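Asker: In case you want the letters, here they are:
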Amino acid sequence: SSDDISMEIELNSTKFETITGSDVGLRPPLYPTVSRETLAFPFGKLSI
Amino acid sequence: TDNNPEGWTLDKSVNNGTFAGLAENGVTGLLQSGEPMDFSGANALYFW
Numbered sequence: 096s097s098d099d100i101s102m103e104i105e106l107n108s109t110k111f112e113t114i115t116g117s118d119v120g121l122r123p124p125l126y127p128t129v130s131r132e133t134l135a136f137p138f139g140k141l142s143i
Numbered sequence: 707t708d709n710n711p712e713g714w715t716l717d718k719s720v721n722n723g724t725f726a727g728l729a730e731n732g733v734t735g736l737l738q739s740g741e742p743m744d745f746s747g748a749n750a751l752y753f754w
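Sequence lines, in order, name chains A and B.
116 is the number that the numbering used here gives to position 21 of the first sequence; each next residue is one higher, with no gaps.
751 is the number that the numbering used here gives to position 45 of the second sequence; each next residue is one higher, with no gaps.
Check the hints yourself; a few may be wrong.
Said to hold, decoys possible - Under 7 Å between C-beta atoms, here's a sample of chain A residues computed to sit facing chain B: (1) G116; (2) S117; (3) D118; (4) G139; (5) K140.
Since the hints were derived computationally from the structure, they do not count as laboratory data.
Positions of the beta carbon are idealized from the N, C-alpha and C atoms, including for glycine.
Next comes chain A alone, as it looks inside the complex:
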């Protein structure tokens, strides 16, 4: 699940697409496969 999630802020005319492959080397695994376990994807101080 490298580069799987990605924030893309739209400005008034432009946009800037970042991605967690460009941010986070910490990678929440789908194992704990046992049901209803939710995950997290922190973006540290996204200076737009």
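Starting from the known structure of chain A, fit chain B onto it as the hints suggest.
Answerer: Relative to chain A, chain B alone:
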């Protein structure tokens, strides 16, 4: 090209940007100026 600290052009110019041992289209890892806290640095013993 700018004095923005985080920007360091993503897979930069004319050279292909491949060592022959990375084997990805992804190199970048550029962003997130704030690294996590270090438990192997100078202040390691106090944190531990």
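Asker: For each hint, tell me whether it holds in the structure or not.
Answerer: Tested hints:
With a cut of 7 Å, the hint placing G116 (chain A) at the interface with chain B holds, because the nearest CB-to-CB distance is about 6 Å. A cut of 7 Å between beta carbons decides the hint on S117 (chain A): the least distance to chain B is about 5 Å, and the hint holds. Nearest Cβ of chain B to the Cβ of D118 (chain A): about 5 Å, under the 7 Å cut. The hint holds. Of the supplied interface hints, the one on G139 (chain A) holds, with its beta-carbon coming within about 5 Å of a beta-carbon of chain B, less than 7 Å.
Satisfaction of the interface hint for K140 (chain A) is found here, the shortest Cβ-Cβ separation to chain B being roughly 5 Å, below the 7 Å cut-off.
Hint compliance for this structure: no hint is broken.
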